[PDB]
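In the block that follows, a single chain appears as structure tokens, in the form deposited in one PDB entry.
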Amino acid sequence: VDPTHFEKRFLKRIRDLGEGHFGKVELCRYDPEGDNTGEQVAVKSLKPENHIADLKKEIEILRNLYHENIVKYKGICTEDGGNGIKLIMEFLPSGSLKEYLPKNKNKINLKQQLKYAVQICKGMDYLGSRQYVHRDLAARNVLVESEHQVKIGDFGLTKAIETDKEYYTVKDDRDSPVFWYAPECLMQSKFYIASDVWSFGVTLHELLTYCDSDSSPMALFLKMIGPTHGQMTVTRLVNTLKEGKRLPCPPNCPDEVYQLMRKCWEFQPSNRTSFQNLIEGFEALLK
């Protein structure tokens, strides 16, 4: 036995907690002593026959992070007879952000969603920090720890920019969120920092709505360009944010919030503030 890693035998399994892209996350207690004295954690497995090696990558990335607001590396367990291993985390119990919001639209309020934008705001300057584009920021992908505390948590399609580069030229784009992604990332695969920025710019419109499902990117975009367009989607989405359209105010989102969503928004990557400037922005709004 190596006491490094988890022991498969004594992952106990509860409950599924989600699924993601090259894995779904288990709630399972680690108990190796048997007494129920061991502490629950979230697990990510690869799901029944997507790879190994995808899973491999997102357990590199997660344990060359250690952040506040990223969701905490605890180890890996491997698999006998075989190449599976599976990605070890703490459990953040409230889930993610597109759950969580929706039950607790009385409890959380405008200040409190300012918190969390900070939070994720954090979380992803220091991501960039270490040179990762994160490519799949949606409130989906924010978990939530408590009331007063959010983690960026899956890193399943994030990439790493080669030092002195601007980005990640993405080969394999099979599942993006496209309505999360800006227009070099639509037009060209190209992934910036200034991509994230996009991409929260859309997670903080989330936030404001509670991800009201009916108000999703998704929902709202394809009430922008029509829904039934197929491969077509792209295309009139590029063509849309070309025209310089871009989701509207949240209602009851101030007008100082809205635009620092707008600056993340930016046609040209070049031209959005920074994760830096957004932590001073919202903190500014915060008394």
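Here, rigid core means the biggest group of C-alpha atoms that superpose within 1.5 Å across both forms. Positions refer to the first chain, counted from 1. What changes on going to the form deposited in another entry:
Comparing the forms between the two forms, the C-alpha position of residue 22 differs by 2 angstroms or more, with the core used for superposition. Superposition of the core reveals a Cα shift of less than 2 Å for residue 226 between the two forms.
A movement of the C-alpha atom of residue 34 reaching 2 angstroms or beyond is seen between the two forms when the two forms are aligned on their rigid core.
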Second form
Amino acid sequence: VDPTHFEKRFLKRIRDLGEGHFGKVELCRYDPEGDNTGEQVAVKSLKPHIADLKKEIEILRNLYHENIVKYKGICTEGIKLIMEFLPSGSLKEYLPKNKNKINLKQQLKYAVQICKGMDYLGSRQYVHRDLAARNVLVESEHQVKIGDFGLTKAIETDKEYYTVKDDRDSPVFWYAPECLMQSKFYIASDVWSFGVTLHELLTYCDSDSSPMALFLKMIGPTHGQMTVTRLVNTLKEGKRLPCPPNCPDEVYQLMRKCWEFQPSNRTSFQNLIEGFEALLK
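Write the structure block of the form deposited in another entry for the protein whose form deposited in one PDB entry appears above.
Just this one chain is shown here; partners and other molecules are left out.
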């Protein structure tokens, strides 16, 4: 028996956790004993792309970090990715419900954990391209994990970026200028996405203060197919998301270094970890 092989006949659907256009993530029970005592797992599968999900599987099987969601295995007929289930869900779900428990100190410790997960990923020569609050899972009050790698790409040795073609469905309000303007993704482009994710965490992921809501207030909600060129315009003019309410100026200044127009300027994840760790002393 291979402990990473899940047989389809024992993988019982409970409900949907999420979807995109091409597939979904379901809560299942792997129940070989047929008595409802089996472990709960999160199962990623395609709608009736296959190559890309195989690639995603091979990336996560080989990532080992306490701030990256655990790979458990595969179900093969078509293929399914089996992951650990984190019943608290994402920061987008958990923060609005737990404001009274989660103070600034705990927000700064989630930020450090996200930076350590991201720095580990970058050390393996990967660019995530989708870092947002909806992709950061809560293991417990004290610990978060990056929970999805559906857009993750390898940077070739000697090169600094990966160029993307499949850019329909881009999370434009989290993207660095070089990503919007030229579809180039650097480690520095995840640093920019981390700054937006930090902004979300410090707003307790409220909908009315989302990066999208706030950017649309800046450029206009009408606009349509001109939305991204107007966004690049306002980033060009030097404008950024505003300081979250109640956020100390020195936390805001670490955030702002994620958002230097030029990738080569921007802070590293290691510098961010040292900046936050200084504020927690």
